[PDB]
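With one protein chain withheld, the remaining protein chains of the complex are depicted in position.
Order of writing sets the chain letters: A, B, C and D. Residues in each chain are counted from 1.
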Amino acid sequence: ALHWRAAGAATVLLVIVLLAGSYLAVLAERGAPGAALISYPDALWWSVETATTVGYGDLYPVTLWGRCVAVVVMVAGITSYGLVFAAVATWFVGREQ
Amino acid sequence: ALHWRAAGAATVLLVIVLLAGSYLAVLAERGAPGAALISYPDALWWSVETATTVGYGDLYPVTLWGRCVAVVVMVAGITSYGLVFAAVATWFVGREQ
Amino acid sequence: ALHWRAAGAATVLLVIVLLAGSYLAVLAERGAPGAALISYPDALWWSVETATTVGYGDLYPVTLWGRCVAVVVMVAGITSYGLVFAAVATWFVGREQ
Amino acid sequence: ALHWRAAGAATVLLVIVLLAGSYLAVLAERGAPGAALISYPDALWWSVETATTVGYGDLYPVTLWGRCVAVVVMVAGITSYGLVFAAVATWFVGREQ
Partner (left out) sequence: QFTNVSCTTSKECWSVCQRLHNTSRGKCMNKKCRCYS
């Protein structure tokens, strides 16, 4: 019992880092040459994509802070998603019949 | 037996959520300040990329609905793709000889 | 053995589909005012990114053919990459000590 | 023990290839009709995203060298990330309680 919980909990991390980063970068990018967000309603959306290795492009980070969030959210989003990919593998093995 | 079917079926999910989301967002983005998600012929293409963690950038969501679809299609696309990544792992273990 | 060869060979697929798709779309996009995929030297680069779930944005296939290649190259790139992700998992298990 | 170390070390690779590639492409892209990226403070950021299959779009290297780095950093970033995805799978199996 771990592949399940570990995966289920992983989702929480990505969720947290998502909001945090968004607001973290916003406060910065807000006052500096950055993407077209200058707010959470827009930034939050950027974090979500960045977390899912998406990164549309319509709004990308530039400033140190803004960029720092992208990397922070990326590792968090991937980590949470990874546990899920491996979680299924563990359970997939426990089903010979 | 599961890693095979589970993976094969997973592809179906991504396929469904793809079309659905596209049309779901279109109806919305159609009458809102968005990139170019007004028609299905174009939106559908956007969903496909978003599902494969691609997101070129040309066609990106902006409105709540339009954006909501991106996230919905993202989770679906990744989930279907994930099962495949893990599916091979399970079978990969059963081939010592 | 299989996780090794399967992964090593997978790389070949992505390589093939890459060139093919590029040239396949080029011939099409070439005569379709909308995307910057008229020359191989440029298209080939687009296929590579699309195969690695990258999709910078500079080249966003629009025409049916051009777009068709993106999806074809995407599945190929991911498939080849997937086998590698799972390949390591199989071998990772055979090293408890 | 391998799934752990292998994964922990993998992160190092992506880190190295990241900086290297960035500087490698910069020296090139810096002087050539490729993209805008003509420095490390900016290039480095591009490599990070490219390594995480992100590729926002703000930076689209066209030149041979500049483009070569993208592919080099992509394989490195994915390889390091892959080991992590599989690493968790191996450990995930060693937990029935």
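Please note the rule applied: contacts are C-beta pairs under 8 Å (C-beta built on N, C-alpha and C of every residue); 3 or more make two chains touch, one makes a residue touch a chain.
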{"item": "Option from A:62, A:64 or A:68 whose C-beta touches the chain left out", "value": "A:62"}
{"item": "Touching residue (missing chain; options D:60, D:85 or D:91)", "value": "D:60"}
{"item": "Among B:13, B:36, B:71 or B:75, residue touching the chain not depicted", "value": "B:36"}
{"item": "Residues belonging to subunit C that touch the chain removed from view", "value": "33-34, 36, 57-58, 60, 62"}
{"item": "Contacts of subunit B with the absent chain, listed as residue ranges", "value": "35-36, 42, 57-60"}
{"item": "Residues from subunit D at the interface with the omitted partner, ascending", "value": "33, 35-36, 57-60, 62"}
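Heads up, the rule we're going with is that only the chains that are shown with their structure count from here on.
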{"item": "Option in C-D, A-C or B-D whose residue-number contact pairs overlap A-D by over half", "value": "C-D"}
{"item": "Inter-chain centre distance, subunit B versus subunit D - centres from mean C-alpha coordinates, in Å", "value": "24"}
{"item": "For subunit B, residues contacting two or more additional chains", "value": "53-57, 85-86, 89, 93"}
{"item": "Interface residues, subunit B side, partner subunit D - complex", "value": "53, 56-57, 85-86, 89"}
{"item": "Of subunit D, residues touching subunit C in the complex", "value": "1-3, 6, 50, 53-57, 59-60, 62, 67, 70-71, 74, 78-79, 82-83, 85-87, 89-90, 93"}
{"item": "Residues of subunit A touching subunit B in the complex", "value": "45, 48-49, 52-58, 81, 84-86, 88-89, 92-93, 95-97"}
